[PDB]
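Turn these sequences into a full structure, and let the hints guide you.
Residues per chain, in single letters:
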Amino acid sequence: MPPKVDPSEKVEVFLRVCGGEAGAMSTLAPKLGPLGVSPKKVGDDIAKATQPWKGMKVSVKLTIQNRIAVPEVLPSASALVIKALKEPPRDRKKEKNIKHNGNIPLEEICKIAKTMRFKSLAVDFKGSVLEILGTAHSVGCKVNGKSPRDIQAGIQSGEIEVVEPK
Amino acid sequence: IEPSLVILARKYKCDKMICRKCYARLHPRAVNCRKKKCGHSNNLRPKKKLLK
Amino acid sequence: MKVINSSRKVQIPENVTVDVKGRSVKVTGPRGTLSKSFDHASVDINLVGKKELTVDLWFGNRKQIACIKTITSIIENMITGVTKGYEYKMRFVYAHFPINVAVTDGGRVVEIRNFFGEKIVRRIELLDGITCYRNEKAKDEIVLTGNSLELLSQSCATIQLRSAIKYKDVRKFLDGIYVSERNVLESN
Amino acid sequence: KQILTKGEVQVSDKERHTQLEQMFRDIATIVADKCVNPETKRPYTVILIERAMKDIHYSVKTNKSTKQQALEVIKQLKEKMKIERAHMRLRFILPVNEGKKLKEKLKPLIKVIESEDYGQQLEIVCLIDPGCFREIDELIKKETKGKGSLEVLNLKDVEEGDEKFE
Amino acid sequence: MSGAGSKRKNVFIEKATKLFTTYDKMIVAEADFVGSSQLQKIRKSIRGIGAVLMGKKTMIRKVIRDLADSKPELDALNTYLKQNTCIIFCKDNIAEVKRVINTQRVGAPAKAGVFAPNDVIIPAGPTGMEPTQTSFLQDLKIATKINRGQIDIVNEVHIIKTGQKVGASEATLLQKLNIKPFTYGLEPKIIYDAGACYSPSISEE
RNA sequence: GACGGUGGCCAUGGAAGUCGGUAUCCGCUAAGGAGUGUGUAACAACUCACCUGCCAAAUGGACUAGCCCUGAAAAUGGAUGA
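Chain order of the listed sequences is A, B, C, D and E.
full-length UniProt numbering numbers the first residue of the first sequence as 1 and each following residue consecutively.
full-length UniProt numbering numbers the first residue of the second sequence as 77 and each following residue consecutively.
full-length UniProt numbering numbers the first residue of the third sequence as 1 and each following residue consecutively.
full-length UniProt numbering numbers the first residue of the fourth sequence as 85 and each following residue consecutively.
full-length UniProt numbering numbers the first residue of the fifth sequence as 1 and each following residue consecutively.
Read the hints as simulated data drawn from the structure, not as lab findings.
Some clues are possibly wrong.
[As the list claims (entries may be wrong)] Cut-off 30 Å, straight-line C-alpha distance, at most; resulting in silico cross-link-like pairs (DSSO-like, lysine-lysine):
| hint | chain 1 | residue 1 | chain 2 | residue 2 |
| --- | --- | --- | --- | --- |
| 1 | B | 89 | C | 137 |
| 2 | E | 91 | C | 84 |
| 3 | C | 172 | B | 87 |
| 4 | C | 137 | E | 180 |
| 5 | B | 97 | C | 84 |
| 6 | A | 57 | D | 184 |
| 7 | B | 128 | C | 168 |
| 8 | E | 165 | C | 51 |
| 9 | A | 96 | D | 187 |
| 10 | D | 184 | A | 94 |
| 11 | C | 63 | B | 97 |
| 12 | E | 111 | B | 87 |
| 13 | B | 92 | C | 168 |
| 14 | A | 31 | D | 159 |
| 15 | A | 126 | E | 111 |
| 16 | D | 229 | A | 31 |
| 17 | C | 69 | E | 82 |
| 18 | B | 124 | D | 229 |
| 19 | B | 123 | D | 98 |
| 20 | C | 84 | E | 161 |
| 21 | B | 113 | C | 63 |
| 22 | B | 89 | D | 226 |
| 23 | D | 226 | A | 96 |
| 24 | D | 125 | A | 31 |
| 25 | D | 166 | A | 94 |
Okay, here's the thing in structure tokens:
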């Protein structure tokens, strides 16, 4: 994960759809990049600056450019990183074909990813965060060893990591 | 200003349920024809939108 | 059928005076005087004092019962009109030819020369009592005004229906003079 | 039963009429499958083709197949005139917004190849169709779109159709 | 019959009577314009200290609880028979609830037919009117005047309060321009006690 | 009023509730479908389910069978006998 940084200097807002391997089949939106002063190739690069290997399709990620250059931007969705780290490999050659999520421990990842989008989302932190993100991806399971919203309802993780990302 | 005018125009001409056993122009809440040829009926469809 | 109807009452403001004789009312107000007849069976239509006019119906059918309310509504309308008159703002529109409308209060008539490039001077006389006046906002409207709603609306309708090309597609054009604001009443 | 099985069909009054029609039908069908006007590869109407085939003279048969007869017909006019017995390839230049509808009409109608779709650029497709179908293609794009459509030849001609000899 | 239908009413009864005797202080707020985006920031600050509990016209189902407490429902300031209400509950912070409720307000233009906040100024003058939007003004039956070198209907003062419907034209005008008349959200009517009124006085600060 | 996770996960010029595939859960709630259409490259915006204020006593529906209407067009003029 890059360090979470605020917008400063010139601010060019971009909405990159993918970012594990950026545009393979022009999977990034080709209208949005050149409209905000950034070539297609250039856009491809800076897609991977936000999330190099965790970037999946249908992203809510913000690629900001301070003085038309990457400031090591973080802010991305909870849903992306979480899904990504269940079965780690996420480029654009494994994301052109269907794939099943891994059944591995993911409790410590969700708390960090919860407030990766924003600091405050106007919802209950430390109480039902694992209940939300343990079943955000209804297909498959978070971890097969435990049961979502039964052994994770009372059991919560985080205290500084749940409200602010690392 | 201009769109308002257009919508007004539509209001009296285009937005009316147009029957079926009859082709009588009714009104957007219609569930009958009010014609004793149609037999009142409950075959109301919307009047179609513009197409070039 | 034959249930016995209750009354339908309509309030009367102290500005106006409502007469009634032989099941046929006459509101008189500051603005003018409207008159209307109502012909039905056992429809006692009376005055309580000068605050409530009552309409009744002893042993009404469903049909008979329905019309009582209508009657009441019509008298309410009359009451409204004779104390604070109805105003119908009509906007006219077409997407190329500017529709040339001009009023003649001497004749009590609206005339429309252009509308679809039709070289006829399409005119019709406004109903008795009501008038139009050439109000401008960018050469877009005409505002009809009157005592009687029934007449006023008819007038509006006449110039609406006339103002419309009657050949080929109805959706493609916007030609016509249509009623925009009808709920508004002239200010006193 | 025997008569039905081994016997041949005989024309009654109704059937005589049908017979007359039949010849007309056959000529209409067999001749109009594959051809273009001399000088360049362009589509052209059936009447002209019919005239051409009459000039050289042809007698249709119900004992032969229609497809078979088509080949025969074209044989005559390959010697006489310059004609196209095979397919051609087209290239359309579609807009991004208005072209989707057009594409959906074309896709089940004929084979689409070299389909290059872009957001920042105009959509490009290429077809495989007979010489008489170009007109059909171009026409349906214009009335559906409500604007002009650029028709370009990808190739003037291409193999297969009645050139592979079915 | 009763205590049935889609998403049952009986359920709501449990919330509006049994949890109406488990808090020290209360505040009767007004929710006739605030959204859900605005309101969920006032269901975190309030939720931590107490709750926002009301089934809406379930104060008449509170009469079983009024046997011991003797709570005012129609007797307090605002009889609650003309406006929507949502009772704010609090026990940890009874002092720091009356002002943090007003901090989460968000300003915006008026709407067609809305009940409206306390203050509603209509746009007028050079800043509050455009030259292109004079046509609209002309269309209206009300008079138009030239004030400060601009054609306007002229009204820059309060003509409506809480529980009085704004005009359609006015609303439209508000929407069109960048004029936001007042900041609004959950607005306290009065401060409220268990079996009494603590302060029958408005507090928008 | 119709929100947060969230543009869930699939797939791709673009499909971000709303061309389409599968699951369709939780937070905060009086209540808000991983969404009923209008719309948009896709969005945004609008609309609906859903919830509630105002008003104040009945209301909504799916059937049943009486008469009546539609279904129901023919040649001299016209037949409940008039």
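**OP:** Go through the numbered hints given earlier and state which of them the structure violates, listing their numbers in rising order.
**Re:** 2, 5, 14, 15, 19, 23, 24 and 25
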